[PDB]
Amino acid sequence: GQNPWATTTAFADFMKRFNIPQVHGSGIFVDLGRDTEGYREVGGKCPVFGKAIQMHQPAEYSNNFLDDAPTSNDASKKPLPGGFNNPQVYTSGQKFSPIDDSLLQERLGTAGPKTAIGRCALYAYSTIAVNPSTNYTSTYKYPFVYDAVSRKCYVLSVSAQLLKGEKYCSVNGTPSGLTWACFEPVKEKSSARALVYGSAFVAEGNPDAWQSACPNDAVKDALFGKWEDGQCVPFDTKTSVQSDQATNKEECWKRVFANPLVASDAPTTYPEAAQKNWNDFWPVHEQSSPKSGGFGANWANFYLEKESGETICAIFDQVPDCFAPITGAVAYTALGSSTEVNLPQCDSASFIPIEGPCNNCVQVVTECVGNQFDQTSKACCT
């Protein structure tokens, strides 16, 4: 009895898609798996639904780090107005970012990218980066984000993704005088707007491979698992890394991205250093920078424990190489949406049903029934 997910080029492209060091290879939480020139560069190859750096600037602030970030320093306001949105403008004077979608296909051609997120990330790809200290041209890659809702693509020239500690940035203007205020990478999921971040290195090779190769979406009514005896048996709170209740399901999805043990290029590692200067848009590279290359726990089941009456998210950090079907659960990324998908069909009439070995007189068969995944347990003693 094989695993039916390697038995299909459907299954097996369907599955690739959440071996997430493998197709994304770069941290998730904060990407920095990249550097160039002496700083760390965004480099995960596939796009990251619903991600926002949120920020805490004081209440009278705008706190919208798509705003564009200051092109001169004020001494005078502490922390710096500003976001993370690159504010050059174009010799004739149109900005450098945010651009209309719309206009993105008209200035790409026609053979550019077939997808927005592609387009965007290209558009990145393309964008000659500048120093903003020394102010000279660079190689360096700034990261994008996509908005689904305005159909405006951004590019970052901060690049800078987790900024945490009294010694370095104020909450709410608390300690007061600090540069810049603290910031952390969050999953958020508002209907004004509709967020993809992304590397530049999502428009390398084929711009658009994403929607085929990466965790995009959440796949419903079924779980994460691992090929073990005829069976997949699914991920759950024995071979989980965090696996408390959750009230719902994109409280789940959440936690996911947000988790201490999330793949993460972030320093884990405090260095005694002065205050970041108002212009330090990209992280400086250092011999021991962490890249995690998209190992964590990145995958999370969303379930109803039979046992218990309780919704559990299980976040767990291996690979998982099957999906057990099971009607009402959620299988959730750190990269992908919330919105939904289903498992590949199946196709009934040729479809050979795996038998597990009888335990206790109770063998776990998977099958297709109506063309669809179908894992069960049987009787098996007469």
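Residue numbers count along the first chain shown, from 1. The term rigid core refers to the maximal set of C-alpha atoms that superpose within 1.5 Å between the two forms. Compared with the form deposited in another entry:
- With the two forms fitted on their core, the C-alpha shifts between these two forms stay under 2 Å for all of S62, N342, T339, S348 except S348.
- Once both forms are fitted on their core, the CA shift for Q88 between these two forms remains under 2 Å.
- The two forms, fitted on the rigid core, differ between these two forms by 2 Å or more at the CA of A129.
- Taking the rigid core as fixed, one finds a CA shift for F18 smaller than 2 Å between these two forms.
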Given for the second form:
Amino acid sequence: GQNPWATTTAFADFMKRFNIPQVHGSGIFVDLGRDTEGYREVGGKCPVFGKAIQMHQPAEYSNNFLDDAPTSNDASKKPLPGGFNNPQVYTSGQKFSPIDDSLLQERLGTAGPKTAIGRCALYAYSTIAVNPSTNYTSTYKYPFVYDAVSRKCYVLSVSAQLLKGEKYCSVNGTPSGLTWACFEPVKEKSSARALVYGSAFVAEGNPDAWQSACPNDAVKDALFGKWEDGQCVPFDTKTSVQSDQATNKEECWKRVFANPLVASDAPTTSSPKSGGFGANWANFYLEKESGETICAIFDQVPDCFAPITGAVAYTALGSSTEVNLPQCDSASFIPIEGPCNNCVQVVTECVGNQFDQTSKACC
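In place of the form deposited in one PDB entry, output the structure of the form deposited in another entry.
Only one chain is given; partner chains and other molecules are left out.
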């Protein structure tokens, strides 16, 4: 009765992704983990799946945050129209952002990162801000957003992620007068765009590391838990921050991102740094008690997975797409041969941490 999630390479490697403070190390909801040159900087190590900025510019405004950010601070404009995408142009006459992922690979080549996310993070990281006058450079780096549908890399020029309150922003034209319109992050699952928001520091070191290293996906048929008395005990709704009923599985996914205790670096009332600590993990499951589905947000770092049919364990960082647990460790797992009946037996192996049963004939 040792814990295989701590013990075994296949299981450990997986469970490691679900220490957010260690693998991400910053606010998720708002990521303002670093500071540079007297500013706040998006710093988090893991990329964030489904994150987008909802805006509250008036209806006439396009209200997309991937729009070219407002180019010349306009007087007759209040609030200031546009989005967050860097609006600069190359000498070529080509827009700095967004860029195709195609364009990236050709120019990046073999030496460059494999993942397109890696590739786009590196675009952002690669970028140096310069003053044409007084030739001056900055080490300040901006967050990228990657659209997985269309395969475009956007570099933003707006590290802000949340703006709230009528002293500072306008909701829906009101109070008119104010330059900035309110915005807040939201996990969104359109079929038309598929966004991933990240720090440019995903690209620092090895840009493809997230893939192996981060809680990128939702897990199907499993529940976060601590390991007690030789077995994995699902965090129960009693030590959860909130465990309200939740209509469906995708609803739980959005709730974790937004819930009021999720790791977040936004200013209270002052540059708060969460280090990733907060209600970031949630269990979705059907209560055996009056059978109402529950979304169970926790702040406890799980160290194992309790497997259960039809369950889903989500995190504030990860995708909405479900994915299997590892069933075995290739390295350690001895192939087991079932009883030879009919001169044929099923034989079970561990190709890529999953059971492939392939039936063989003993005689």
